[PDB]
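Take a look at this one chain, the form solved without ligand UDP, written out in structure tokens.
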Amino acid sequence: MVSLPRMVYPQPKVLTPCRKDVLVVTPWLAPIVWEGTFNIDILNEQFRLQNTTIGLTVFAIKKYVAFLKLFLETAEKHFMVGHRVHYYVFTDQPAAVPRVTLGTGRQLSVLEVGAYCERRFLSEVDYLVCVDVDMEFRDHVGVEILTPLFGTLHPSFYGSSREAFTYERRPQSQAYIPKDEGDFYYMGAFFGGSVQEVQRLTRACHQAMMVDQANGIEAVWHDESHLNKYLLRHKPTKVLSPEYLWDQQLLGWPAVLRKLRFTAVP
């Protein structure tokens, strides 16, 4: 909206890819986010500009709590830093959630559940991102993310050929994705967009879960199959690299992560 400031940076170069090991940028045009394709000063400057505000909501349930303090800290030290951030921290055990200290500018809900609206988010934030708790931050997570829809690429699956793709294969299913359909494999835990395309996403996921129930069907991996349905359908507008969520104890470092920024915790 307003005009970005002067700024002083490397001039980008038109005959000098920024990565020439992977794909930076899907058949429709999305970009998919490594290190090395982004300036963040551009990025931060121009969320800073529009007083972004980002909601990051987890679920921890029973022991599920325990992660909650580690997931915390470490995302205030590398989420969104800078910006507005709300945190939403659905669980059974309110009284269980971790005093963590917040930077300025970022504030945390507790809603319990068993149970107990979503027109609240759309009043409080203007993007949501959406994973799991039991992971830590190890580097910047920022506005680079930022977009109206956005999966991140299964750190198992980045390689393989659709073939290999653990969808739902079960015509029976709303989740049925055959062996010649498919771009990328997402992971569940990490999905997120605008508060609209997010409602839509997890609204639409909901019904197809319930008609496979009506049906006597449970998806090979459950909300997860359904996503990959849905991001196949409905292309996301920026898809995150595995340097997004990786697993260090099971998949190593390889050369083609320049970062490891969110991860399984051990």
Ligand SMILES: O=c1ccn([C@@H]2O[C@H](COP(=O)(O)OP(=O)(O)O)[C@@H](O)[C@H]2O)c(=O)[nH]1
Second form
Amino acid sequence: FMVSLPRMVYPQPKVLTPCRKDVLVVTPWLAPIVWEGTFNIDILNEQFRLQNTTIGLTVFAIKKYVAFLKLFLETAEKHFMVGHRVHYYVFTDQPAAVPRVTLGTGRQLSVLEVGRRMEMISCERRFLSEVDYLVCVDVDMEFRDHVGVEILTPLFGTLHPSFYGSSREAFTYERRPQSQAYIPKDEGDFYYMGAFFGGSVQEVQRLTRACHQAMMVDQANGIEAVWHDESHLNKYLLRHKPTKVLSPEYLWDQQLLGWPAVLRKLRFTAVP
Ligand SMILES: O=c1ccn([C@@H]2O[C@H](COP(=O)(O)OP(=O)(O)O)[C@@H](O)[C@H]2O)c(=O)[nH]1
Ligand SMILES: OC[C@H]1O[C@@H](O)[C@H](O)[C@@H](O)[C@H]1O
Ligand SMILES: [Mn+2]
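Complement to the form solved without ligand UDP: the form deposited with ligand UDP bound:
Below, the chain from earlier opens the complete complex, with every other chain and molecule after it.
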């Protein structure tokens, strides 16, 4: 049950004036594509705060990648779901190397030692009991601007920043029919990056369970998909359409791609 929003004063949306005329803001299966200027974050924050939403953020930091955690976590404190409850789950082979990062109120961090990403996430009962949504991201990244509850939905993928302008035949999907991740050249909506996906805990466990079963089949068969778990994530999202898609504002590399006019904010970016 969802209680009433309170009175709020904000600019009226006008039906004969689009927010953004330069980009597609809705997929053909009526999922929003989240770009700056499409959402009123005050309305969204009220909706999700009224449900006491908790967001889990999963990050893997193995071997040398523990060095990315201080910036990743300190910038998440500045820009990720600020005002909402957050639980960070850091999977690592080096628990003593996780940096001591000061968290805002209502935010917690768990260190999970590991001796894999899809298999590790599909931890199942723990996530169901502790968070409402799960967001799964790469560690070698930093938040530069707002990443908030506008992303949240049963299932989301993020447009890969190298391919958002590309035709489908150029997408680097797995093209061998011998792979569970196979997508032919006349299929595909988008090319999604393995570096930032998420959803309700239930939909994320479905996805990661399905990807993990498909990767095991491929192994048994002596085949490894061209972009590994990302190839399987794309096949999953082709056949199970995400209920939101994040624009490349949400996964960018300024060194490689600059700051084009179509991106009004660079929110979550590669660290050189
Ligand atoms: O030795 C490694 C390699 C990878 N990763 C994790 O797996 C992610 C994917 O690897 P990477 O970022 O190198 O792939 P890329 O984005 O360069 O394609 C990294 O962000 C880390 O989260 C890690 O923890 N240790
Ligand atoms: O073609 C797909 C690949 O694109 C590269 O830019 C990226 O670093 C890889 O992780 C993979 O996503
Ligand atoms: Mn990465």
